[PDB]
Amino acid sequence: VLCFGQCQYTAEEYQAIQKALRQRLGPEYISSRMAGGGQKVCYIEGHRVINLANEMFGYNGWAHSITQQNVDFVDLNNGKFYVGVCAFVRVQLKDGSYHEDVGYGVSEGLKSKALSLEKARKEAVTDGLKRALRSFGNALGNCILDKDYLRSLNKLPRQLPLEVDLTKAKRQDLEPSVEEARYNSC
Amino acid sequence: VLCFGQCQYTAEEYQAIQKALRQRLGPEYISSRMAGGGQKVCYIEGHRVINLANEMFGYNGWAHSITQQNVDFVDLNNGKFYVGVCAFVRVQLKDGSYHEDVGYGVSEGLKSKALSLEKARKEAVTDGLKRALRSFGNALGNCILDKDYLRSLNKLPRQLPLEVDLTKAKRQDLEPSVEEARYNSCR
Amino acid sequence: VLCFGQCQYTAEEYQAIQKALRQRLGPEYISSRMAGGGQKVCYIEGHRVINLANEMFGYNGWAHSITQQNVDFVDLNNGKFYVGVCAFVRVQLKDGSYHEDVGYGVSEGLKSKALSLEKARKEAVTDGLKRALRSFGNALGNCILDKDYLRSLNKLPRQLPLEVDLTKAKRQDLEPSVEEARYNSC
Amino acid sequence: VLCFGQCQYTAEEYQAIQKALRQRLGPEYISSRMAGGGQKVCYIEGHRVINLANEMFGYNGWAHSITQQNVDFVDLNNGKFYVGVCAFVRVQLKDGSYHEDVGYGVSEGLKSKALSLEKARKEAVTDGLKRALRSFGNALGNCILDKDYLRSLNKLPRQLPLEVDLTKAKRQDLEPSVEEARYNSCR
Amino acid sequence: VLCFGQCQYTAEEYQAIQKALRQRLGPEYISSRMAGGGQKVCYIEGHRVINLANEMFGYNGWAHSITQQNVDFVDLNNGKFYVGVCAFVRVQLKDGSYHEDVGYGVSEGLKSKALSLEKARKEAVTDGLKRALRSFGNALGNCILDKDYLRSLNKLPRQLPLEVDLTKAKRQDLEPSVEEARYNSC
Amino acid sequence: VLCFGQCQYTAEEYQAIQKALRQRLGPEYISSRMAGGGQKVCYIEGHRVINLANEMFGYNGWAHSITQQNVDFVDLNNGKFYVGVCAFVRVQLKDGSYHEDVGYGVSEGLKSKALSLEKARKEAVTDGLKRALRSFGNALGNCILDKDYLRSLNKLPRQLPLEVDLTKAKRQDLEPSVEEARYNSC
Amino acid sequence: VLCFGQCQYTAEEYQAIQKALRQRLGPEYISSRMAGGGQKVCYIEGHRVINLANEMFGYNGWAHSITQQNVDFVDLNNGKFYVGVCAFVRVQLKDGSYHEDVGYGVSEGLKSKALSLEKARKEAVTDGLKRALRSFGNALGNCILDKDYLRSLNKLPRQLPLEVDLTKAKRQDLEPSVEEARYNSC
Amino acid sequence: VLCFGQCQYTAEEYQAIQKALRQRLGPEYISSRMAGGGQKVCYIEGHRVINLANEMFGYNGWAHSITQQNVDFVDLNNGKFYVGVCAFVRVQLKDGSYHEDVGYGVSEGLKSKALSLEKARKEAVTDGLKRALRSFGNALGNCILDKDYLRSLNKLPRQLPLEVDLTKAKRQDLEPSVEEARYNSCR
Amino acid sequence: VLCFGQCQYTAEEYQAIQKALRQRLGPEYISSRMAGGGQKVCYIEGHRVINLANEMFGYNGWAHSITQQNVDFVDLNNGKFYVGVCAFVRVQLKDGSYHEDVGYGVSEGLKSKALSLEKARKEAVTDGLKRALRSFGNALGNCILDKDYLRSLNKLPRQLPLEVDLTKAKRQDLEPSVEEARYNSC
Amino acid sequence: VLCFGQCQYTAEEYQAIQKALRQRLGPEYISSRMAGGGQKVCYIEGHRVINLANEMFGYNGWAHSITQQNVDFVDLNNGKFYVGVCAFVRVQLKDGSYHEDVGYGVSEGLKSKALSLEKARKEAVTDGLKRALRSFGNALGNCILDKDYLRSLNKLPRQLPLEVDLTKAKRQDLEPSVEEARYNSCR
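Chains as they are written, first to last, in the entry's author numbering: chain H, 23 to 208; chain I, 23 to 209; chain G, 23 to 208; chain F, 23 to 209; chain E, 23 to 208; chain D, 23 to 208; chain C, 23 to 208; chain B, 23 to 209; chain A, 23 to 208; chain K, 23 to 209.
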């Protein structure tokens with residue numbers, strides 16, 4: 023039996039994933055936050071990257087663990103807390119190949135110590151996940167590091183906000199097709 | 023024999039779960055807290071996520087462990103306790119794929135140190151479980167982070183509270199069909 | 023089944039990769055920083071090296087982990103922080119051969135402690151990845167160290183900035199061919 | 023299947039590598055520093071040794087790891103930093119034979135502490151790699167320890183600087199032959 | 023498959039190596055250094071021992087590792103540094119037999135602390151390698167401990183310095199026969 | 023495949039080694055030093071014991087490792103150093119039988135700390151090797167502890183120092199028969 | 023293949039060793055020290071016990087290791103050193119049965135610290151070996167604890183000192199019969 | 023191959039050893055010390071127990087190791103040393119069954135520290151071995167704990183000291199039959 | 023082969039031991055000691071429990087180890103020592119089932135520290151063994167905790183002391199039937 | 023071979039044990055001790071639970087180990103010692119299923135430190151064993167926690183103390199049937 027970490031890719035799946043990972047992301051994926059200095063910084067939201075990984079590899083095709091999370095510092099100044107957190111996140115595919123990266127979470131200027139630590143820890147883990155996933159290819163966020171793609175992104179017309187249709191939204195816990203397939207699997 | 027962690031998904035089960043994990047959750051699953059600042063924050067209750075995981079994967083299909091729980095601080099101010107707890111929670115499927123996330127629990131403003139620590143530790147574990155389960159797809163709470171989804175949710179008519187029918191509620195310990203199936207499995 | 027770390031190269035794949043790793047990189051891959059002293063320093067951007075590794079070995083052909091990251095020092099002087107971080111990065115191929123190198127990240131002159139630590143840690147990890155990948159051959163950046171190659175680059179005519187065509191950019195999460203191949207694999 | 027560390031050499035490969043390792047290096051490989059004392063010290067640049075190892079053994083034929091790196095000292099004097107770093111580097115062939123050596127990196131007279139530490143750590147790792155590779159034979163740098171070889175090198179006429187032709191340079195990521203071979207190997 | 027450490031010697035290889043290891047070394051291998059007290063001390067240079075080990079066992083026939091290296095002391099006196107370093111070196115053959123010895127490196131009278139430490143550490147490792155290799159037989163330097171052999175060496179006529187012919191020297195990285203054999207191996 | 027530590031002796035090899043280990047050593051092996059008190063002490067030089075082990079077991083027949091080396095003390099008195107070093111040496115045969123002994127190295131009265139430590143460490147390792155080898159039989163030095171054997175040695179006529187013939191000394195690295203057998207082994 | 027520790031005794035070898043171990047030792051094996059108090063204490067010299075073990079079990083039939091050696095104390099009084107050392111020695115047979123015992127080494131009244139430590143450590147190891155070997159039977163020294171045996175030894179007439187004939191002493195390293203058996207073993 | 027610890031007893035050997043272990047020891051095995059209080063204390067000498075274990079199980083049939091030895095205290099009073107040592111001794115049979123006991127060694131009233139420690143350590147190991155061997159049955163010294171057995175011994179007539187005949191004593195190292203059997207077993 | 027801890031019980035042996043363990047012990051096994059308070063306390067002597075375990079399971083049928091022994095306290099008061107020792111004792115059967123219990127040893131009012139520690143340690147080990155054996159059933163001492171059983175025991179007449187017949191006592195080491203069975207086993 | 027921890031239950035044994043574990047215990051098993059506050063507290067003696075476990079699973083059917091024992095505190099007040107001890111006890115069945123519980127032992131008001139520690143440690147281990155065994159079902163003491171069962175127990179008529187017949191008591195060490203079966207099994 024082939025469990026996770028021991029399942030070799032077939033030729034077809036390898037070829038499809040290898041071609042799909044080279045795609046660059048459209049403007050629908052790129053958000054912009056204002057960092058220090060008044061310059062526009064582009065990023066991809068964490069849940070978008072999660073959806074991209076779940077489509078590229080499947081829900082059972084990728085895994086990630088936290089190898090280590092370290093609070094670098096918690097400092098108090100004028101009643102406000104400054105917190106730095108680093109996290110090392112390892113992403114593994116079902117064939118066993120893996121990438122590890124460091125993510126950093128920052129909380130500055132909050133009165134609550136617990137809120138600052140919560141924000142910085144969660145941000146470090148998510149940042150580590152995104153940076154580790156970038157190593158697989160452009161479609162998982164590597165392209166966002168290229169200055170030419172960022173320039174080409176700005177010349178595109180600004181698209182309207184997406185509308186989510188909640189007609190086919192899950193409304194009950196039961197998944198009958200899932201239940202039938204699982205029962206037949208036994 | 024295929025124990026937990028070594029059971030590869032069949033094609034049909036993989037396809038059904040992959041399609042199911044992709045759909046978003048209705049307003050029946052979304053609750054709203056009031057965080058600091060007067061803004062409405064949407065969330066999914068822990069027991070709802072537990073039911074969603076138990077339906078999506080089966081009761082024997084998923085597992086979770088507490089890799090580590092750390093008290094960040096317990097502070098006393100004006101007789102009130104402020105407690106911060108972080109938990110690292112690892113969720114594993116029966117095929118061996120896993121996700122780990124950090125959860126945080128906070129207790130601020132209680133007189134009892136024991137009650138504060140209890141609340142913060144339990145909240146950290148539950149929050150870690152929810153964040154780890156979000157990594158599998160939209161149907162397990164990954165949609166709660168999309169701004170467009172929340173905007174579309176706020177425009178839906180406010181559905182009335184659900185009514186639970188307790189006529190078909192379990193009233194005695196014995197489960198006859200379970201016993202028959204288990205006895206048949208014993209050889 | 024051949025999982026990652028146990029997959030021996032075939033003759034054809036070995037020969038093609040051995041020839042490809044041997045060639046040098048064009049000016050399209052070389053950027054230039056300005057280190058202290060006013061002299062021009064050539065380097066390759068991290069995302070470019072990631073793309074080169076993903077094309078040379080495939081997305082499942084190489085892996086990298088962080089063996090250890092150590093903050094050498096965090097110092098405060100005149101309200102500015104000076105941070106030194108070292109990282110040991112191990113790159114492994116799917117056949118099991120590996121290289122490990124040390125990368126260093128430096129942050130000097132920032133007011134924020136958290137920003138300095140974040141920059142230095144991420145720089146150390148990326149620098150370690152680049153130095154570890156250089157050990158496989160010229161095409162992964164080993165050529166950036168040859169002075170004759172740098173002279174030949176400087177004698178080449180300067181090329182116009184690349185234009186990125188975002189027509190065939192990914193705009194939806196779903197990857198139909200990937201899903202088809204994965205479903206058939208099960 | 024034969025993974026790295028368990029792949030025994032064939033007779034032909036053993037004979038070819040055993041004869042090739044015995045060669046001494048031409049003047050095209052030797053550079054010279056000016057160490058303290060006004061004497062000329064010959065060495066081989068790190069990237070040249072990397073190319074030599076990748077040709078002698080193949081890209082998948084050799085590996086190296088950092089067993090340990092230790093900062094011996096960081097000292098401050100007159101605003102200048104003096105840094106000593108040692109590194110232990112283990113080189114392994116695909117058949118499992120290995121050599122380990124100690125490399126040393128030195129940074130003296132820099133104002134920046136971070137720059138000094140960076141330089142010393144990188145030099146210690148590179149020095150360890152070169153010294154560990156010397157143990158396989160002359161063609162990987164052992165010959166540079168022989169005084170007679172250095173005299174013979176000094177008596178050779180000086181050669182012109184090499185010219186690198188960048189016409190046949192890699193200009194795009196894709197490697198079609200590599201992709202074809204990999205796809206054929208997959209299934 | 024027989025990897026390193028579990029490859030038994032054949033009868034012929036055993037007999038040839040057993041006879042070769044019993045030979046004593048000619049004057050071409052012996053160097054002399056002046057030690058304290060005004061007496062001549064004979065030794066074998068490290069690279070000569072490396073060549074002897076590579077010919078006796080092959081390049082893939084022997085291995086050595088550093089089990090432990092310890093700085094005994096670093097002392098400062100009159101601005102000069104005195105450094106003592108010990109190293110434990112284990113040499114293993116491809117059949118699994120091994121010898122371990124301690125090597126010592128000494129640096130006395132240098133102004134530089136880094137130079138003293140570098141010299142002493144490298145000397146300790148090389149000395150340990152030579153002492154561990156002596157345990158296999160006379161041809162690897164065990165003969166240099168016998169005083170009768172040293173008397174015979176002294177009574178031998180002095181030979182002229184060797185001349186190295188660099189006509190046949192490697193001038194380019196590529197090894198064609200090596201590449202052919204490796205490609206056929208896959 | 024029978025690697026080191028898993029190679030059972032055949033009946034013939036066992037019988038020959040068991041008979042050879044039982045015999046005592048001639049005066050050609052016994053040196054004499056002068057210890058404190060003016061009494062003559064008999065010993066076997068380390069390189070002789072190494073040659074004896076290599077002939078008795080073969081070059082691949084025995085192994086030794088340093089289990090632990092401990093500096094008992096380094097003391098300074100009147101500018102002179104006194105160093106005590108203990109070493110635990112384990113000798114193993116190719117069939118897996120082993121003996122471990124403690125060896126001691128002493129350096130008293132030297133002005134150099136580094137030289138004293140070097141001498142004591144090397145002597146502890148060599149002493150441990152000799153004491154561990156004595157446990158196999160008389161021919162490896164166990165006889166030198168018997169008073170009757172020493173009395174018999176003292177009554178033998180003193181022989182002239184041995185002469186070493188350097189005609190058949192190794193003068194080049196190459197070992198053609200070794201190379202031939204090794205190439206055929208592959 | 024049956025390596026050391028995995029080699030079951032045959033019936034014949036078991037019976038012969040079981041009968042031989044039951045013998046008591048003659049006066050040729052018993053020496054006498056003069057312990058404090060003027061009473062005569064009987065003991066067997068270490069090399070005799072080593073020879074007895076090598077004949078009872080063969081050279082490859084028994085093994086001993088030092089599980090732990092601990093210096094209990096090193097004390098200085100009136101310029102003289104008093105050293106106590108304990109060693110735990112484990113003796114194993116080739117079938118895997120083992121005995122462990124503690125041996126003690128004592129050095130009292132020496133000016134040299136190094137000499138005292140050397141003597142005490144070596145005596146502790148030898149004493150542990152003898153006590154561990156006693157556990158196999160009378161012929162390995164268990165008889166020397168019986169008062170009746172000591173009385174019978176005392177009543178025995180004194181025997182002349184043994185004479186050692188050095189006619190058939192080993193004179194050269196080479197063992198021709200060993201070499202050919204080893205060569206045929208490969 | 024059945025090595026030590028993996029060698030199950032046959033039925034015949036089990037029955038013989040089970041019957042033999044049940045026997046009580048005669049007066050020839052019992053010695054008496056004078057403990058504090060002026061009362062007679064019976065004991066079996068260590069070498070007698072060694073011989074009994076070697077006969078009951080064979081030389082290759084039992085093993086013992088020292089799991090741990092701890093010096094409880096070394097005290098100095100009036101120039102005399104008082105030493106307490108405990109040892110944990112584990113005895114194993116060739117089938118794998120084991121017993122562990124604690125032995126205690128005491129040295130009181132000696133001027134020498136080294137002699138006191140030596141005596142206490144050796145006594146602790148021997149006492150632990152005897153107590154661990156008692157757990158297998160009466161014939162290995164368990165019977166010496168029964169008051170009725172000691173009462174019966176005291177009523178037995180005193181026996182003359184044993185005479186050891188040294189006519190059959192080993193006089194030289196070589197064991198020809200042992201060498202023959204070992205050589206035949208070698209292949 | 024079935025090692026200890028891997029030997030499954032047959033049906034007949036299981037049934038016989040299961041019925042035998044259920045018996046209560048007669049007055050011949052019960053001793054009485056006076057504890058504090060002047061009340062009679064019933065107990066079974068350690069050697070009796072050892073005999074019961076050796077008959078119930080065989081000499082090779084049960085095993086016990088000391089998992090941990092801890093001195094709780096050694097206190098001095100009025101020149102008298104008070105020692106508390108706890109021991110954790112694990113009893114295992116040849117099929118692998120096990121019970122662990124804590125035993126306590128107490129020494130109060132002795133002037134000797136060594137005697138107090140000896141008594142307390144030995145009592146802790148013995149008490150742990152008895153408590154661990156009780157959990158297998160009544161015949162191994164579980165009955166001695168039942169008040170009704172003690173009431174029934176008190177009503178039995180005080181039987182006369184047992185008389186030991188030393189006619190068939192072991193008088194020499196040899197066990198010829200054991201020897202022949204063992205020899206045939208090889 | 024099926025050692026302890028690897029022996030799967032058959033269908034018949036599973037069904038019988040599952041039915042037996044569901045029974046509640048009669049008043050013959052329930053003792054009452056007076057705790058602080060004057061209320062009556064019901065419990066089961068440790069030896070009774072040991073007998074119940076040995077009948078339900080067999081002597082070779084269950085095992086228990088002490089995972090950890092920790093002295094929480096030893097305090098001295100007015101010459102009296104107050105000792106708190108916790109023990110973690112793990113019970114395993116021969117199929118490998120296990121339960122672990124914490125047991126607590128308390129000794130308050132004794133003058134001897136040794137007696138207090140002995141009492142508290144032994145009580146902690148016994149209490150842990152009882153609580154761990156309760157997890158298998160009512161017949162092993164899980165019923166002692168139900169208020170309705172205790173009310174029903176209180177209404178039952180008080181039964182006379184049991185009488186133990188010592189006619190068929192064990193009087194000699196030998197077990198002839200056990201020896202016969204063991205000898206037959208030996209080969």
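Hints should not be assumed to be uniformly reliable.
Which residues of chain A face chain B? A partial, calculated answer using Cβ under 7 Å [to be verified]:
id: 1; residue: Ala85
id: 2; residue: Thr89
id: 3; residue: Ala136
id: 4; residue: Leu139
id: 5; residue: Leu172
id: 6; residue: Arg193
id: 7; residue: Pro198
id: 8; residue: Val200
Note that these hints are calculated values from the structure, not bench results. Built from N, CA and C at the ideal position, the CB exists for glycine as well.
Hint check:
Here the hint on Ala85(A) is kept, as its CB sits about 5 Å from the closest CB of chain B, short of 7 Å. Given hint, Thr89(A) at the interface with chain B, is violated; its Cβ is 9 Å from that chain's nearest Cβ, farther than 7 Å. The restraint placing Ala136(A) at the interface with chain B holds, with a minimum CB-CB distance near 4 Å, inside the 7 Å limit. At a threshold of 7 Å, the smallest CB-CB gap from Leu139(A) to chain B is about 5 Å, leaving the interface hint in force.
The restraint placing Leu172(A) at the interface with chain B is violated, with a minimum CB-CB distance near 22 Å, outside the 7 Å limit. Given the 7 Å rule on beta carbons, the hint for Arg193(A) holds: about 4 Å separates it from the nearest Cβ of chain B. The restraint placing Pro198(A) at the interface with chain B is violated, with a minimum CB-CB distance near 9 Å, outside the 7 Å limit. Checking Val200(A) against chain B: minimum C-beta separation of about 4 Å stays under 7 Å; hint holds.
In the structure shown, a violation is registered for the earlier hints numbered 2, 5, 7, in ascending order.
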